[PDB]
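J.: The primary structure of each chain is shown beneath.
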Amino acid sequence: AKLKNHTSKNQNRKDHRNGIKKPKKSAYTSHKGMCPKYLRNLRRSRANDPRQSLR
Amino acid sequence: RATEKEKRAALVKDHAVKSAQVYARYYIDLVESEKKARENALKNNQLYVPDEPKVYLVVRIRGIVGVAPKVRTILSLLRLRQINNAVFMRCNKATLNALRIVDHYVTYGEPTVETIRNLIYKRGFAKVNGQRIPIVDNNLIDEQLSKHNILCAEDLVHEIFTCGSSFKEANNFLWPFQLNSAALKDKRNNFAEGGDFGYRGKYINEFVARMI
Amino acid sequence: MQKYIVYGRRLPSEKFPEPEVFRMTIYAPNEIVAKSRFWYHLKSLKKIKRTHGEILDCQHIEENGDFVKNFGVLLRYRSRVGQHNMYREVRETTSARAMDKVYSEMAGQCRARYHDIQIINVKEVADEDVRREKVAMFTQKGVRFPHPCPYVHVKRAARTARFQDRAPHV
Amino acid sequence: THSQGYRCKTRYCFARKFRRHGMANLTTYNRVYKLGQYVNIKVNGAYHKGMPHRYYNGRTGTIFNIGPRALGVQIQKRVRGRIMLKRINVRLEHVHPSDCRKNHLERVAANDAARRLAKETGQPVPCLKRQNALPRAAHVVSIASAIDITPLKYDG
Amino acid sequence: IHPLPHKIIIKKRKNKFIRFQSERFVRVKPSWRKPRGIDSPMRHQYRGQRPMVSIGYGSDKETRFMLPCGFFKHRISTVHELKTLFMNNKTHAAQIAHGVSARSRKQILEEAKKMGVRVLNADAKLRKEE
Amino acid sequence: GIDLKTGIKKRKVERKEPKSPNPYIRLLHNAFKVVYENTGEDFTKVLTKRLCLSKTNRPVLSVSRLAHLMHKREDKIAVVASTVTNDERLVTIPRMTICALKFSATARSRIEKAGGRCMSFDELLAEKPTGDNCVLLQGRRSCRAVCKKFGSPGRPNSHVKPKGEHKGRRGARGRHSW
RNA sequence: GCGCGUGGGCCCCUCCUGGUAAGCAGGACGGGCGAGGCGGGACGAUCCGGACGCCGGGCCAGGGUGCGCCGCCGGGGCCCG
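Protein chains in written order, with the deposited numbering: chain Lc, 2 to 56; chain LH, 24 to 235; chain LT, 2 to 171; chain LU, 2 to 157; chain Lf, 6 to 135; chain LR, 2 to 179.
Derived from the structure by calculation, the hints contain no laboratory data.
Any given hint could turn out to be false.
Stated by the list, open to error - With a straight-line cut-off of 30 Å between C-alpha atoms, the simulated DSSO-like cross-links for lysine-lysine are:
1) LR:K162 with LU:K87
2) LH:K208 with LT:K102
3) LR:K149 with Lc:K33
Produce the entire structure from the sequences given, and follow the hints as far as they go.
T.: Shown next, in the form of structure tokens:
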């Protein structure tokens, strides 16, 4: 018949067992959702002089 | 190179003989200075407030069962992981504020030099390579704390009693003191309500003497 | 049980470089409880919380107690109904010793513990000024009374294992 | 909750202040923003385009993107045991500059100023580390006029 | 016939750790089995229950396996097998196996007598003269 | 009795030994571990552990990778803890000393024909045990096909590929398919 | 990286919703039992202390100290637990 609809007890403990994990370091610098124009300029700018890896 | 162990012993022993003679005179200068300063104040209808405590001895009085998640974290940082364990703390606003959160699980106060020496010599053990090694000789203190300028055992007792610059390194060096059972009376009321938890002040020394 | 004169003042401020000093005569078991009571009072009477102020000096005043004097204590206790005011007189050698007798008779008769009772004042009253008869009867020059509890010499019988040959006379 | 639409439980959150209804002060648009700047997100109810969710109100973040009419902000949301960087695009009105690092920025410069003197006049350097209050000190205080205080008799 | 001096042998439990409920039923043999029941009083170690086998009961490594005579046991079945005890086994002692017949026990015991090796069962199967 | 779980992140297992039945690998690991213990050099510690790693952890380095990796430093000896496989695509291989656990037949011939030396871990222990004029080089560990298919294909930010043919349009034709 | 069990929970503390209420139903922070020996609460799953290898000595928590039943006295007040 009727069982528990919802509980939150222990869920915080379970989260903190090994958790509270910070989100990577690459994510903080990723170019996802950045301005398409700014990113094109960055590529053109870093494609000239010492930064350039074009050979 | 095998020799020089005796030469270090000579320098370490020399620092020890001079330090005990000088430190004891320093400790007796304090009583004369405080009593005279209080006399001078008394003549001028003034009160000499003494320095607010610089170091506290904190002893866990409750066990590991049912501890709150925050209280567990603060007591772990205070190096109190088992009942009857004692550690020295440096009195700062941050340390004092966190002690209030874990007051129900500990009793604390300001230790005398006599209490300091007895814990350091009877129950003192060191943390070397994360190992609890007995403090039976001045050589061990010198091999880990001479960088912090603490060649001898009296040099250690001074660092803790007078909260010196090398207090963080010297207190960490001492392994949390493991002491005998506490007499207690009420562990749930506070020394201010007649129980034993919380600040006991000078009475921390009396409590610790039974557990050495 | 002790008798202390706890001095205290709010921490110096830019507005008030020198703050007013308060002195309180507090009877308590220990210095730590005495300083708690001082701040319980200053928190309410002067709006000075313990963290706001500082205790300049806690001074234990010991007393000479070679002669019995009548100490009158005015106090306020919170009962199951609410706060009440009461004046109790106790004849004792020292003011700390009479505070013990007052807190013994406040727990026994009024069922009020030390933290419920707040002592307004303690002041020695002379024989002429005693307003309470339980203290007045003793103040008269000559008091002759039979031993109040002469049967209390049954302490002797615990040692005897209660195997005495004759029933002891009182 | 039985209804969980974009703007649920936002009656007092996205409401304007007592006397602060109306259009935005033009400084909100005028204030210059730079990439990596710390920005505090406080939603303004009047402007409805680019509105961050009620979760994003009260969250400090960094500007990943500076774009036409909109600032992309990276805020960290703890979902379960993992804190996740969430990249949101918020219009000018609902974002504000943050003074989070201002005390650090102030301290860095003050530390250098004392050090600059330590290189020149007064060569010894004062400790440039914050101290957590410390346990008072000694001092002699004149009891002189000390008011004798007594607990006052109960009134009522 | 005499071993190295050795350190006092201390046995943590003299008794043999009987299984639980082995007295009540003949079907339950006394060989120890870990109690593994949802409501097993033995596994909950409530007061008054039998003791539980654990590594804490282990004997000192230095004196373990040693027999009451201060010697360790090597089970010999032949006179060539008396070569283990021959290679300077001053600590060990020899037990002849049960299968070895009295004819062969006599030869093994003579070799042991020359070597000085102590034989634990030196009266075994010695019934008069065959 | 003692709360020892508040700040401790639990023991982390590592390969303190080579699980290899191969005698020669066990004999070399013990050999270089004894050197590391007596002389505490990083080169001998990294080699000691590299020998204990599993085959998947240790990938092959080709004779075209080693040529490119040692282009600036032909003098330095290239120490590989796996197998050197030849790259026929590199027509001409440069001459260098290489010390590897194994060398394929073609890769032993090509380096020797070039005038280079194929040394062995025993020759390294005898000639340069601490690692003077030597570089520890590794193959690409993510080169494994299995490594490429790890993940959750079907999640938006997976960039993985499904295991099996699939042959259908739901979830595969776009972020909005499904 | 591989994978298992689990997805009927229930109690305590405090904060709550429906109900006259319920050892009733439904929620929240932490803790506990589940899966926690042991001493106490006369008895009890969860209470109060304490969280466990095998032992010897010492200390003493909680709770008590007429006798069953280990361990108590001294002082002040009250009095048909």
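J.: Next step is simple, just say for each hint if it's right about the structure.
T.: Hint check:
For the hint linking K162 (chain LR) to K87 (chain LU), the alpha-carbon distance of about 25 Å falls within 30 Å, and the restraint holds. At most 30 Å may separate the alpha-carbon atoms for a hinted pair to count; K208 (chain LH) and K102 (chain LT) meet this at roughly 23 Å. With a CA separation close to 22 Å, the supplied pair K149 (chain LR) and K33 (chain Lc) stays within the 30 Å bound.
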